[PDB]
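Here is how the chains run, residue by residue.
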Amino acid sequence: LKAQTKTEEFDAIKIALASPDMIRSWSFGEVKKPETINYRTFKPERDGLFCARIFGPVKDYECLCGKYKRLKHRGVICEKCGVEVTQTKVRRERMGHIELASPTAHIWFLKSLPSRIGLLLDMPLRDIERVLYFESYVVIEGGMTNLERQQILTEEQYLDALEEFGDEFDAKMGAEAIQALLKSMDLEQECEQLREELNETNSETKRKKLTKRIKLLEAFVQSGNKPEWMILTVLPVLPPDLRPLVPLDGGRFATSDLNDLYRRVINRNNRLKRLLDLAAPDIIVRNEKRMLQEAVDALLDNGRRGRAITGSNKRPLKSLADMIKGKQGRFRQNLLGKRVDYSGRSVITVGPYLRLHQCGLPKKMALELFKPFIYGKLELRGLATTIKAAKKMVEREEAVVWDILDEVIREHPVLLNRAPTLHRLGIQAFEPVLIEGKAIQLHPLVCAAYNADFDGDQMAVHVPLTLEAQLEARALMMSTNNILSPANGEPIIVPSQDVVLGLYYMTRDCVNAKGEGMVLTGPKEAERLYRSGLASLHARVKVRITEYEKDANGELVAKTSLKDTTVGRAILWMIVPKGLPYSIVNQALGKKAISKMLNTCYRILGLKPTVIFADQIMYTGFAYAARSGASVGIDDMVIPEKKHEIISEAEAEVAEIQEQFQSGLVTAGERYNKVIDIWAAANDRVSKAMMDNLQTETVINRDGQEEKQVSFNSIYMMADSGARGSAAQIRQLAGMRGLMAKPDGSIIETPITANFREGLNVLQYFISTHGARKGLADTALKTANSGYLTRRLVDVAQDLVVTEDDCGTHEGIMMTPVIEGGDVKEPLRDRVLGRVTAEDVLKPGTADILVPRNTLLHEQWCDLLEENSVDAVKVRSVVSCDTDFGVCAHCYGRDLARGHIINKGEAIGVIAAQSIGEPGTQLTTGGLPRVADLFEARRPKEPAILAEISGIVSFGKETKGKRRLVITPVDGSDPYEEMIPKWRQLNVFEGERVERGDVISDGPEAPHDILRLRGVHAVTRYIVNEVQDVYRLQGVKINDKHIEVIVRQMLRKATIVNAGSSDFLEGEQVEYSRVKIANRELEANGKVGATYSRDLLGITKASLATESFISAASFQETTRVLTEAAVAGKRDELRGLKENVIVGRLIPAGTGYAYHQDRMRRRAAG
Amino acid sequence: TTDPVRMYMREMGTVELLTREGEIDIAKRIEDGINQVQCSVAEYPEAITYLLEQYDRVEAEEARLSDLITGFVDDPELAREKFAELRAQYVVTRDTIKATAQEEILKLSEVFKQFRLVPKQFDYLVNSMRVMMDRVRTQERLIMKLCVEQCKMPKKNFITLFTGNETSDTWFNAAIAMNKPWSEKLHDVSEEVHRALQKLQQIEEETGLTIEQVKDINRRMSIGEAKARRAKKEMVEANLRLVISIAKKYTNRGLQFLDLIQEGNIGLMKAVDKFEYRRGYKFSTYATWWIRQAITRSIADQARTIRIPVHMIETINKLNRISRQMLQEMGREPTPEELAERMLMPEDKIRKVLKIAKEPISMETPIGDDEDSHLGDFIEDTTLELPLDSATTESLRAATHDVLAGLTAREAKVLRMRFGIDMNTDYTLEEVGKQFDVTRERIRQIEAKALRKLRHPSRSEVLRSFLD
Amino acid sequence: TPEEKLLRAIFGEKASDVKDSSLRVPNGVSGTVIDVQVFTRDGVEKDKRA
Ligand SMILES: [Mg+2]
Ligand SMILES: [Zn+2]
Ligand SMILES: [Zn+2]
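Chains as they are written, first to last, in the UniProt record's numbering: chain A, 8 to 931, 1135 to 1376; chain B, 94 to 167, 213 to 236, 243 to 612; chain C, 896 to 945.
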């Protein structure tokens, strides 16, 4: 069988240097003239940057001269002026070239930071530039006379050397010389000599550069590139339509700057050709050659020499490198990133009637969106003669078309998106519902995942055209299929405010109310009692209820009893499906409890029952809240009666301490803290006063004198239920509000004694401003900062995807409760949930396996662990997974919006980064910058030091700036002695034995150490525990999984120690390496396998290394990436996400994972 | 410091300024050099006869007098009689070669030196000369390599019998019997040398000069040419400072500084080429005109993205001048038709001329928000075809193709013929008559009924919807 | 093209040498015309309405 020659579907890509003949291959003609267009008839002047002969017809399928205008004539080259009549599209493809008189240096290989021509010739840059400008002569192939091969000579010196030796010595200058150097260079010979010289001399200064250079050379040899190609003989010209001259309104023209640049390069070039045939003096042709060099350099990348400015306009003209380059890297996929058809957007509103799976869509928007579907459907049933007539129908908006739209809308999801997309829930699929009006209606329960308020936020719509997109939307991005945050298994569909205020007012009880004490057969007649006005919504009543427990084997048991409850809770029970016990609705149902209700419903009955449940909860929440008539008045905020007195007592305190400062009994600083303390305590006093009064002050009567319950006062219910408001904000309304802080960060010692129910005077408000102003500023800036964090994160992770099923390693990390200083700042059950056991765990006795080896620990298994006293469980983690080039699903966990174990092929890197990034808005050493420092591995300012090796240590030598510490291992050799500056107060006991990794001082420790000295599991535990500390202090729930995957990416690289295959010190992928020594462990050499050392890279540093260069050119600095790859002839195979997005094919994950897999195996195969 | 402006300023500043006396020195050197080549050209027999063969083509109406001579020292009659003189002196010198000839060969040169040749013709002569010398070198190096390199003979003994002859058999066949170590070795290659000697001895027939003279003559010519360029180059190098002083006036006219000074340098080159010092014109003010001429003439041509003819440019400038005075003279600015009466031409051309004269706007011009949104990002594609249309084209094909099957096979054929439907071009109703054999009015009737049949609606309801 | 030419042939419409640039009310916006202004180049004849 034969391969192919014509269009197949390519895999990979290759990049390399271009030969002059290779450049000529693309060129369909030489541009010989700076002329553009004829100046009257705007047709292209032939042999010019715009040429019909070289590039293509101006208009479709028409000869320039006009002789052949017929669509039949196609492959005809016109005999008058040669133009093959073809679509004007071909003017966007065909390239050209220019044959340069003198050679010219390629600015990219001259001026790239590691100058390529320079270190290829082992020659300094300033010398090479001095030769290019004809400012000195350089030797080439010196032979045996007096002179070095690369030696540089001056005017007089070259002359003297020539009189002595006429021949058998050679020197040139300018571009031709460098090209002569590169061609004469024999890479093989230089390589051998450099290998010997490397071995002979031992110096770090010497062999660092040495190893760098040798790597390039053998790479350049293996590349297939020949050094001469860094010097341009032929210069390709970009196709005209990519730098168009197209007319504008008012008859003015506009064109790309490249033309202005290209034009220049031609002129100077042409002039030089002329100056050769005119036999000009050296001083001139030299200046012209330099001028040509300047023009070419300016053309390729402008700004590395003089920064040429465009004609008549100050602003420097944009060069070809600036077209690729940008902010950041490439413009195409980077934000932002291309406009997309079939879309729209508008202001959003509520639409409480919606089911959770649908959304209100304005009529007009849907008409314009589905226009092609409507056109095709109208003539499929025959309501429209042809597509045009269909267009006129919808353009006339004939009444019959609306029903046809209901057909194309019915089952056809649409994508909704909000402005700051953070986690994957930022886009969700809904079923469209046609709605009169111009506003988008959005189901309230979803409002939480989007972080979308109704204060006028706008949302965007996208239509899923292809069938696969409809089914992706319905089976992946659909609203009902993601009810759970991927960051933590808790439901993100949790009812928000009005709904939970309804249910709080529903299940609640006052002391005496209509119907108190009676008994009813069931919830049906309970509502009948309430709705008819007989019984109050909240009254204590016994009623017969039927609850269910599925505690049988896959089977729902039923049990009935007389439950002591209220009327509201009785009514509410009608919604609770089946197998939930009545215990869940018998409480007061605050916002916290109302979430765990939905959660349990999901973990018991599954998905479908939970959804319809959730809908009902919303409907009833809104409804009953409306019945409740909850409001907020000015008399709803109750100020303590004792406030003025509290202020006065605290006011005496300040004058006491003041009297002590006037008499010198206390220092100025000591006074300030003291006065500040008494005022602070006062605030607490007032807060816990008004809280008592406000909370319980309802005092009511049942058959007796008195009793007191939790208040029914409006604002308390809001704060108590969990709907909205909190003790801090309430404290500002009624009790005094705080002590504000002056701009420098100090806190003013005269707090705000008034509150919002009372008036604030001039001063109090003015002092309040800074807190407001700093609040708004901090959030508005920290919002952007958060995004930046996610950016680095998705770059360092991304391509990580679940690939194997089970890698089959027993390895894993030990999960214990966080147990910080008090009792259990976070339990064991939360740490191990949804993860998989590393090995079977024992009861307190043994030969009894409670959980058997690797098993998903779900709610029952975690409770079985809780039944027994088991305090510690080892768990497989993504950091320890043996799978190379990915993570095995068995090592990850179950977590998803669904409870099942993570599917094969889901991309965990993105969701890991997103899960960490989305909550980052709520953060504020400590705070969000602390997180960034952790993931960046940065060594702290005044770190501690750990014992390098176990065994007894002592102090040695004396004070030079370091007082040496000498360690003495028991069995092993002593020689380790570290130089520690002694002016830092020590800890380590001079006469005691310290284990390696002990405290030799105090203060933070660099995690680099922890990795090196303590080990892999230790450092990963350190990162997760420290970062989780930061988040948990703010109340953010983020499962340790996500943090672990970032960690795994942090350690991707390691530095070899031993040898026998690859280089000694190379930092390299532990995936590549481990797979290499595992392959070596058998076959091959018996064992030549090399030892490595795991390394810790910060997130921004680890993202640097990516095999695919197309990915790197995206987020990195474009220029350097392209060059450094182009020399080695690197062949990018795609295989990653970023790169596949650029090229526009299926992501090698999710739905696409089948494709790449099926192709990857076809590759490197028969 | 790079920035090539500097590495020029510093490279030329080394060249020392010419004294007013030094200028004549260099100019004198030029005269000697050229006159050498002029005299060297006069000494070539083929150079005369060729000029003769060219004027015989002039009198035969196969060429024109402007394409051969630029004039002599000092009209068709004068040209005719002057050429007769040349022809006369040639035909005497030609027969006198029977030693004494030299005295007349000397006079034949003198008369020929009065002719100032057109540069093209002059170049062709020299080219013919140098090409003839290539032909001589070919044979010189062949006979050398066929002996020294192939048959192993020293060059020390190879040149003894060469000089003075290098034609006849004195060296080839009489030196192989000398029984020297290199003698008996010459027989193997004899067949190849003696047959290649043909062109060598033929040159003395064509050119009418022994291989002896053939090198000498164009050697002096080579020497002269070198001297000329040497001196001229020298002159140009001296006046570079002048070019710099002139281009500093024209800086912002829309061409780069070094571009200007380079174009001006070419002008200076022309000035040296055409300068005659015997006229007493200071070289500074004579070259200034040429250098200044090159700058402007270049600026007009290449400094625009849309090249405009010269007369257009001059027109534009005249308007700026008027607009300058008239700006404050009128207190507002001249009306669009104000400069029109001031200017010669039809005066409505102000609008047209003013439009095409404008320079295109950078498509990279930033507009708004400071964002990467740039002017070029907003220019929509008007040459494309929207898909909501393209869909209707593929449909209309299916439409007419359906409705043409509703007719008789000849009505479809006749209608598909009369229009380009699924066929190359289309055929005139007379052409259609030839394909069907029944011709003229007959076909036209059918056409009518065909269009008529699609007119009355059953057919008609579908195709009418295409026109909105 | 061929089939457009047949279409005009059947329905006998003379396809104009002029294309329609006329200003029309943007989609969806509806109102009352309260004013009209006509600016003319100096030297071109003002039309009737102007
Ligand atoms: Mg807002
Ligand atoms: Zn043509
Ligand atoms: Zn694993």
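Worth flagging that the hints you see were computed from the coordinates, not collected in a lab.
Don't take each hint at face value.
As the list claims (entries may be wrong) - Where chain C lies over chain B, by a calculated footprint (3+ residues, C-beta under 8 Å):
#	segment
1	538-545
2	553-566
3	589-600
4	606-612
Unchecked claim - Cross-link-like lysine-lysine pairs, in silico, BS3-like; alpha carbons within 30 Å at most:
#	chain 1	residue 1	chain 2	residue 2
5	C	941	B	496
6	A	21	A	216
7	B	557	A	76
8	A	40	B	264
9	B	493	C	914
10	A	321	B	557
11	A	50	C	914
12	A	39	B	377
13	C	900	A	96
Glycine is no exception: its CB is placed at the ideal position from the N, C-alpha and C atoms.
Status of each hint after checking the structure:
no., hint, in the structure
1, 538-545, "holds (count 4)"
2, 553-566, "holds (count 5)"
3, 589-600, "holds (count 3)"
4, 606-612, "holds (count 4)"
5, 941(C) <-> 496(B), "holds (22 Å)"
6, 21(A) <-> 216(A), "holds (28 Å)"
7, 557(B) <-> 76(A), "holds (24 Å)"
8, 40(A) <-> 264(B), "holds (25 Å)"
9, 493(B) <-> 914(C), "holds (27 Å)"
10, 321(A) <-> 557(B), "violated (66 Å)"
11, 50(A) <-> 914(C), "holds (22 Å)"
12, 39(A) <-> 377(B), "holds (29 Å)"
13, 900(C) <-> 96(A), "holds (26 Å)"
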